[PDB]
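Enquirer: As a plain string of letters, each chain reads:
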Amino acid sequence: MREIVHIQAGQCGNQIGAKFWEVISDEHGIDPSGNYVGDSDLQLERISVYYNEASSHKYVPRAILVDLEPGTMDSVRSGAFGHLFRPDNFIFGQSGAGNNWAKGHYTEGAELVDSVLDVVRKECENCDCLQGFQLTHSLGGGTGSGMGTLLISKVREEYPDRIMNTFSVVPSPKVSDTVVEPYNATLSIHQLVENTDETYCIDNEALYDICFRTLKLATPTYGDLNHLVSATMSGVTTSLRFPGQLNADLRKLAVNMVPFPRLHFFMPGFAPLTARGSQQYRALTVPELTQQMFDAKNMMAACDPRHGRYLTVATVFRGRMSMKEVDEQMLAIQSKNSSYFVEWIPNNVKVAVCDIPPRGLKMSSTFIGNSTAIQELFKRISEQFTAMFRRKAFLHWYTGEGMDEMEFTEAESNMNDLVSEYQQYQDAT
Amino acid sequence: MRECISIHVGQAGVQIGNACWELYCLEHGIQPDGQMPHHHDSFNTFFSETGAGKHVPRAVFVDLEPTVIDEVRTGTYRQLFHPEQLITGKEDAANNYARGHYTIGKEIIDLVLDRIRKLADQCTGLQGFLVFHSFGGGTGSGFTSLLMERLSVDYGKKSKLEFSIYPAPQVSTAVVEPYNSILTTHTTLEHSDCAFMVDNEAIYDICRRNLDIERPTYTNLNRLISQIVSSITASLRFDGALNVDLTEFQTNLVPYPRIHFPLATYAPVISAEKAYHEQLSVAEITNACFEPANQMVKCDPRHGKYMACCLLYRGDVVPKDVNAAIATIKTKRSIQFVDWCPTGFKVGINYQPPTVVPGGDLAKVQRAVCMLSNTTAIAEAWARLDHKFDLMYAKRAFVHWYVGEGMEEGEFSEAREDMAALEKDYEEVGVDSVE
Amino acid sequence: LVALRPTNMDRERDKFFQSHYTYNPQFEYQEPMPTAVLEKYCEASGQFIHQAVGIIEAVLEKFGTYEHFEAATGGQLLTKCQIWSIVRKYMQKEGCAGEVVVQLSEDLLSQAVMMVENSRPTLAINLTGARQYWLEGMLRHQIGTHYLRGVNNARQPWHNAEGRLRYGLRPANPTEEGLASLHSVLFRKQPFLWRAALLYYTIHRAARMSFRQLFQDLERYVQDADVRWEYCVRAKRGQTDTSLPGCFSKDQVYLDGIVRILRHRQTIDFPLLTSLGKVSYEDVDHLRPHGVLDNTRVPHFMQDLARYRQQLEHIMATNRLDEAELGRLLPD
Ligand SMILES: Nc1nc2c(ncn2[C@@H]2O[C@H](COP(=O)(O)OP(=O)(O)OP(=O)(O)O)[C@@H](O)[C@H]2O)c(=O)[nH]1
Ligand SMILES: Nc1nc2c(ncn2[C@@H]2O[C@H](COP(=O)(O)OP(=O)(O)O)[C@@H](O)[C@H]2O)c(=O)[nH]1
Ligand SMILES: [Mg+2]
Ligand SMILES: [Zn+2]
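These protein sequence lines map, in sequence, to chains H, A and E. Just so we're aligned, residue 1 is where the first sequence starts under the deposited numbering, counting upward by one. Reading the second sequence from the start, the letters are residues 1 to 37, 40 to 42, 47 to 441 in the deposited numbering. Just so we're aligned, residue 140 is where the third sequence starts under the deposited numbering, counting upward by one.
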């Protein structure tokens, strides 16, 4: 019950999804062929939430892989853990978004969004009681941004009651992997703050920093970053895919973390993060995890929390632990950082506890902080957008697909309004 | 022939019930499959019996998320419960009162009431209701409010006892606890005969200090609350030198229609290694019960006055010692009842000692005492919740979920007015009389 | 006031209003009527009528209308929450936290009434027209004066009727309500004794006038029909057929007490006066030798006694009750 549908847009979304399904299959003991070879019945007691039991006793992920260029699709298809996706799912086009948002939302996307929605509808009717949607996409790449926003708008039209999750890879502050990424970011954020329940902001910069310093890895390949994001997502969903002394569901997180309709952008975090050698020289206790999760050097979003306040915080543990210990740790961490939390939300730590470790550890933890610091991020992007709009640079590519300037004017105004709201609530009293 | 059904709402209720029914099945020598290889009948009051040697509990486990109920169905206590009772929803209230009282629970409330009616009509001397429900969870608050209103509509005058989990002052697992608490209190204030305040923080404290376990799981808190419940019902379920029925509870501990929130307390709670080195006098355990560090609600009794107390003893107890100990307690000044209630005790004695659950944490004792005390200190606790509510309402935080789920802001304002009125009543009663 | 609050006050009010103030209320009461108390207060005094009018005119000269006086000096109308907050702060300040039950009501003919419900003290506060800067004063009146005097009095040999006779006590009033009224306006910036003065005035006229006439007469000082209705009923408590002249003169006690206490303030020991209980200012020397003063409570606002006396001077000045005028009024 409470089945979840997985959508993967853009190249980053698809790669993250490949690693994510690898992780999930490892969790439930699923062979690459798609048949169960596990050992613990609890794996199958909720196997339906992400998988569908196809006949002859096989399992197929409830995935809907979307793209506009067959390259990465074929890469996924050929590689291992690709032979179990249901082959009818791989929707792809030929033109390619060309790293443009106008193509990804108006011209090219309008031709595949119908087939995507049809497969979505088939999967929805297949499920018993739909729980919600999780969309894995970028914010820079044209396909990800444009087509994901279009799909979100259409789905919200057809399912205004379900819950919506997005794992959007926000552009990094220092580097810029693309050139027009401010435009894509602004338009995508406009659509998201329109029609999304929660948005898990991530930067590649923070993941680089974590893989470098904390994990002591000088050679971070994209496999590792995607592995980290996959572990975060698995930690988010294990609260319902598994029994727990204090269980959680996606709707619980949405209610707890989203005080106002618009302010629903979360920065995630994971713990423990130990190098290969520096592991046996540290104790794995709940206080250690809790103290690890609260610092700028372990936030997967490149913005110091100290510059603002945590509006709300959710914390999902795993593995066998003692509830009193967790409560004591949360009390201490809420006490000593009193200036780091908003005054008018007393007891602002949502807690959930699972019963199964992330496979290969004693106990783990996932942090989901809805703070005001992220305003800086938007601030940054907004400014960049403004600059690249003041000269109307690159404007012709977007204008040529039917979009016009007033779109950009409205989107920038909307983002500035959002930043104003964040600022207002940060200094509320 | 004095039956009493149990209704467990929400995850907290279901786990507490797991503990409670484990305890019962241990007490009456009942195997997990309902078979059984001073006693009377005794078990008839809680266990109904079928043709074979198989007994089944009179419990109705209702939830909106099938996870915990599925754990129950898969646990060692699978054969026990009547499978029709284990009512499971589809999508839990997700810590939202409106979902748990207007949208979702509205679609299985009828099935729950139907099973309740079947179980009631199969009984003859029905005493009353035991609702095991938390206070912060959405299902708990909303569904319990709905169910209490429905039962009060159906069963006009019968006992209705709740075991709420009062939200702690400093440890809060939820984020919207004030909203659920205020709403469920405004609703249940007109229907619940007698609630039973218990908190997790105080039980953590007790487990750390007295039992000397530094890392307790919810299993331990559940075992303690189950022991409290068993001490409450031992009068019905056993032969005692001075028995007491739940109607006596509601008559004694409830001076006014609204002020019916007594907090629990249990003694002795000592580890197995510290079982010796003390003879456990009944006067000693009475003093332990009145010790402000042993209460199971984080409220100092010294800041208020005990409007009423009810001490239920069990084991090798002799009434003269109880009389002497209570006289001594009345002599001391730090325990100051209200002037207008000169008789502040109900005493009950049972012959059956408490039984220790194997694999447990406590030690085999010969005497035990559970105190249910209605005081005025609890009033301050409401203030705290009120305060929290005010802040979280001053910014209209989280309001959109409740608004869009079948509720209005005027309802929030009305519930705030009601809580203010209750606090006013507590303050007014706390004062002394003239002339 | 419960006994003399007409049982049909609402039905007669609607009648009065709906007739455009021409109807004479025909009140009825819970039987039997307290005949003795009615007869005791059946005659109005005019001793201080010019002081009353002096205070009323002083207000209207400075503020134009009562309506503006009320809003400008009184502060905002209070919510229930705000009332409780101010009360709680007061009780703690006075050291009598947890002693008195507080109740909120709409059906009080005054701001508040201190009672003995269930043989226990009860403060009933009128939520209708409760105001920020005024409410603190009410608490100084009922709790700071009536309640503290009451508790102190219970400890004295004259704690009951017999004790009063035996020790030869003058009545508690007008000293009681005089002290309470002065205390209500104690720390205010514009401490005009409007309520006292208008009550005194209304009773004086009530003795001569029908209800209709009395209601019309008051228009000159206060416009609000609801406010006027209150003052008229208070002045005619116990009157059945209000078409005839007649009054309940009890509420004249406030101004009567004020004038007397202010006149003799220099020779009165205010802490001692409160400590001795429900006693006249004139009985202080008589009763001082026989008072038990170990654990008697003096209000918080009397601790800085120098300041307390300054406030009394400020109250006189404000209300046009200068020394010379009090001297001529009472050449004692
Ligand atoms: N004493 C005790 N309390 C528990 C236990 N498990 C959960 N709780 C309480 O449950 C509260 C969480 O809200 P719940 O009432 O459980 O919510 P729910 O029952 O899952 O129903 P929903 O709100 O719809 O999810 C916490 O505040 C805990 O205090 C337990 O094992 N023992
Ligand atoms: N975390 C992560 N991000 C990626 C990965 N590959 C690409 N990205 C991000 O995805 C963005 C490119 O979007 P992409 O899907 O390739 O372009 P599109 O075809 O127009 O949607 C860049 O900003 C990258 O930062 C990856 O393996 N991991
Ligand atoms: Mg639940
Ligand atoms: Zn008075």
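Be careful, since some hints might not be right.
[What the hints assert, rightly or not] As a list, the in silico SDA-like pairs of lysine to any residue whose alpha-carbon atoms are at most 20 Å apart:
no., chain 1, residue 1, chain 2, residue 2
1, A, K370, A, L217
2, A, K96, H, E125
3, H, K122, H, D177
4, H, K379, H, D304
5, E, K179, E, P310
6, E, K228, A, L217
7, A, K112, H, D161
8, E, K232, A, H309
Worth flagging that the hints you see were computed from the coordinates, not collected in a lab.
Enquirer: List, from low to high, the hint numbers that the structure doesn't satisfy.
Expert: 3 and 6
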